[PDB]
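Have a look below at one chain only, the form deposited in one PDB entry, in structure tokens format.
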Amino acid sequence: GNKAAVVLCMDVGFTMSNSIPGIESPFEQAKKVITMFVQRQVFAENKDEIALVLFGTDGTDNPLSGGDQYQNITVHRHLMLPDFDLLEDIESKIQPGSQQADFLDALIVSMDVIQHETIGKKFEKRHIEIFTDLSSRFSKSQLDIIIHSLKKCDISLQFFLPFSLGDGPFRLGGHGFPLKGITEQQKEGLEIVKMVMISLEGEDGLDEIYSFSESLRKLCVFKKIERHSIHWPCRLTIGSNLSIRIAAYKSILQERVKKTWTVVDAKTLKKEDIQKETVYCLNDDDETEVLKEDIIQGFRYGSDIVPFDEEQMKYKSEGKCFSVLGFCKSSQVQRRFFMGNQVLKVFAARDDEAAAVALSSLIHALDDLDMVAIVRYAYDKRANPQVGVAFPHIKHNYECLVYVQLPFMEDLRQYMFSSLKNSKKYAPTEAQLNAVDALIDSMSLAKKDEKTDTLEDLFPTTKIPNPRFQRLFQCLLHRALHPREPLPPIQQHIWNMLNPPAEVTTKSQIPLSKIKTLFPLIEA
């Protein structure tokens, strides 16, 4: 909520220069991921202090070089706010090495970086990564110290590897090496990795060991320093004697860019030399200037018109309120009738066990009875009241009321579309059934998992990060590093992470041909 202190630890030993054709070398993948991280940590103008530590080099640069220990530990950039020096370094002047380094020594070095450099700096979170292929031998002695200072210096971790924890053209960042296509040293390293991750986080550790593809299509690199939401306190009241003291958070709040394209003169490249003049004249012909004193504040009404106690006759509300109207079956609060550019999750307030009991009772009663509250909601005294459905949502980890605003009668727009199923000019042919059914069975993005019962989704498109952000950040970076050259085309981990797994396309190739042969389309 104030600052984070990240410490990237790239591996660049000779093993990661293993550039198998068709597959990105692990080194270039690490470059791609750290470009993603630092781009979105500089351009979004976050205040996170990154320190890059590069191991695998030929030289030595760290506070632990003494005693001829910690070779190939080059502290490329100590803890300071990230700038464009780093983003030029990441792809111009950072190159592989011929050594193979002890990444546990890299962890101990990074731990030293954070524990020392962050002495005069107040940080809320301390985070660390590693980008290793795990092809170096190492000694596990100091492991005892690692953990023995990790939790005691309050430092998280995250591990990145060229292979997952669970073939064909390796679409980087796509939606697919084999776990049996690795070496024994890699397996031993991975066992140590899993050991430390468990020792830090229980079973939740093995969700922290991401691939390099998989990290290009997730916000996993940011996952552990993301800004905490803001608790909106309020009171969910039924009647006037059932007041539940709750806190609501925003959940699905669409994300857009925070810098607008300032306009500046094409030659002197300044803004103040421009101004915008919006003066008032008669809009009809005979365009005469009309002064500000000649202009007053007026509303239309069908044909008639009104000018404009007056300023003070604004509507009034009864203050911040999260009260109920009345509960109704969850088969009548459809989803096509949601408004508002947000969603809220309503928890019972913190430090209120009784309030939690009450809201949990409310949630469970709603879920068992199969029906949802239709509450009224007003952000603060100066807000437009709105009625929205608050419907139950119980996770194994927490219970909450998901709020979504609902329409009014003067928002909807009842149209009348002619019937399709009842239509006669589009008679039901066997083509309908056979062709479209085959197509649908092909392109399914869900498969029943290894346990034949439960359903995994191949392509979880609520989990990709927004492509426009990395496109924009690539282009801004490129113009900050190549001022004389045009913008690049879109990268390939992007164009891949916005596409279905190739399995889908391959299986669907033939049904599509059937459709094109069978359903004649012709434009006018």
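Only the largest set of C-alpha atoms that superpose within 1.5 Å between the two forms is called the rigid core. Positions refer to the first chain, counted from 1. First, how it differs from the form deposited in another entry.
After superposition on the rigid core, the C-alpha displacement between these two forms reaches 2 Å or more for just one residue among 284, 351, 318, 83, namely 284.
The two forms, fitted on the rigid core, differ between these two forms by 2 Å or more at the CA of residue 450. After superposing the rigid core, the C-alpha of residue 297 moves by 2 Å or more between these two forms.
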Given for the second form:
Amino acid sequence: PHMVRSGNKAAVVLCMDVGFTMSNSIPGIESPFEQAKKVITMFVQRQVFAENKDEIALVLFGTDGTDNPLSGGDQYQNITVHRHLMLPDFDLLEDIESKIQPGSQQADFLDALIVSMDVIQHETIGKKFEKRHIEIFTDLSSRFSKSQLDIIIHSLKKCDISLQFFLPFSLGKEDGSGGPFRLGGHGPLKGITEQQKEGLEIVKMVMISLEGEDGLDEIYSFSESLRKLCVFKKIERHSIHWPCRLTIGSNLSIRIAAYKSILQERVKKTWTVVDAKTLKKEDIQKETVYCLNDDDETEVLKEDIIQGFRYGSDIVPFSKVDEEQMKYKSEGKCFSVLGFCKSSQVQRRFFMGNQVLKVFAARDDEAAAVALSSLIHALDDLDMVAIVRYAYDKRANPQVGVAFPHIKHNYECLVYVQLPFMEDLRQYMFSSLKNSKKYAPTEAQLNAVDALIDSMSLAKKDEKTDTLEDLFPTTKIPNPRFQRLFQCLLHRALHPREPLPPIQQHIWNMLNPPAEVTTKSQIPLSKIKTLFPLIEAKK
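Structure of the form deposited in another entry (previous: the form deposited in one PDB entry):
Chain alone follows, minus partners and molecules.
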């Protein structure tokens, strides 16, 4: 399966502080300038190497010069527009890498927001954009005015402009504070100054006004930004729906739209084999030869081989077959309920396919929404799932799958996952381990394993709330292959005479559990090592 999207682009303005305070050092943490550079580089790398149509502008504030269209003398000073709205390229990446330098001045970030708004308003008149976004990378360590505030908000609601904020610190509450410092890992309210607190209050007020309580979820830190897909959250697009009718019998039909919820992301481009010197594909010929079953080197024509099928110990030639004969004439695209069954009967290990579908009611259909809600709630109440037949179109091979209810506070739907046929099941037999005298663990070994499992827990219960918190959610972590590939490609494009750089530290940090688990597990691991003999075979 592949993702098909609408075809709408977005305009994104990156507002970056380059002021004096965004250069301070500390023995163990990078300066906020470098972290903002890393986040911006990651965003632009993904935009460039995926060949998207989104247009990106870059506005620096805190610079030593002034190149903004609102200067007018003694106003909006030290704000430069380093790049206007256009498709990103390698020149922008080189500029981010080794052309943009820290400044020696300070600028109000609300004036920078005004300049970014002006860029969005006056540079999108001739073009079409479905989303307008501003990402602000600041540290909130400069004096600011509050006069224009209200006007700002009004504009942000008149022109429909979204905002995201990135800061050197997080927005956690009662975090409790806590070897070497690691960036990008999963694991400081007293470390900020009063001006930072005032800036944080104003940022919170703007975010609450624009969106609400959920707006507080759109304030991130650079460290957590490097290990999430948050910078792409407001410019992502969903797939084109699959329209059909859920049929229970031949008299009940519900108009439904299906969307792809899970689908593996793959590299879009491959590597082309080219000549060493000319660096062109035309200097390479790939010809296949069917050299019989020996080295006779007999000339073979393309029509000499007639092809055929195998049915065990016999061969049915292609000359005795017809295209119309072996063709399963499908009845068409369908979504039909074969039956309802207990949820315990359908197990997870039998899930098949390479996609998960979410089924909603058809857009602008109140009756369909009511009917689908009734079906979902009945299934949830009775603890049952619908075994259904699924056909993508009149050419796709029909499959049998399971649809189960999915109720949330903001939406409700069905979830479709494929199920196996008889031919896909392998009936192996394995020896029982619990009933084995040869491999029966002792009590001490069981105690050691219990201690190991206790010390390596990745969850924590909330304080008298019965809520489980995940200390290592891997589902929010991006695939490291894409960032590593982008880094290597950019390094090759900008440093042709250099070897590929090593893997960045923050990728390793985000691929590893918190250091607390590793610290806790050291002693039970030693006990397990001293209790379980493990000798390699000497064949």
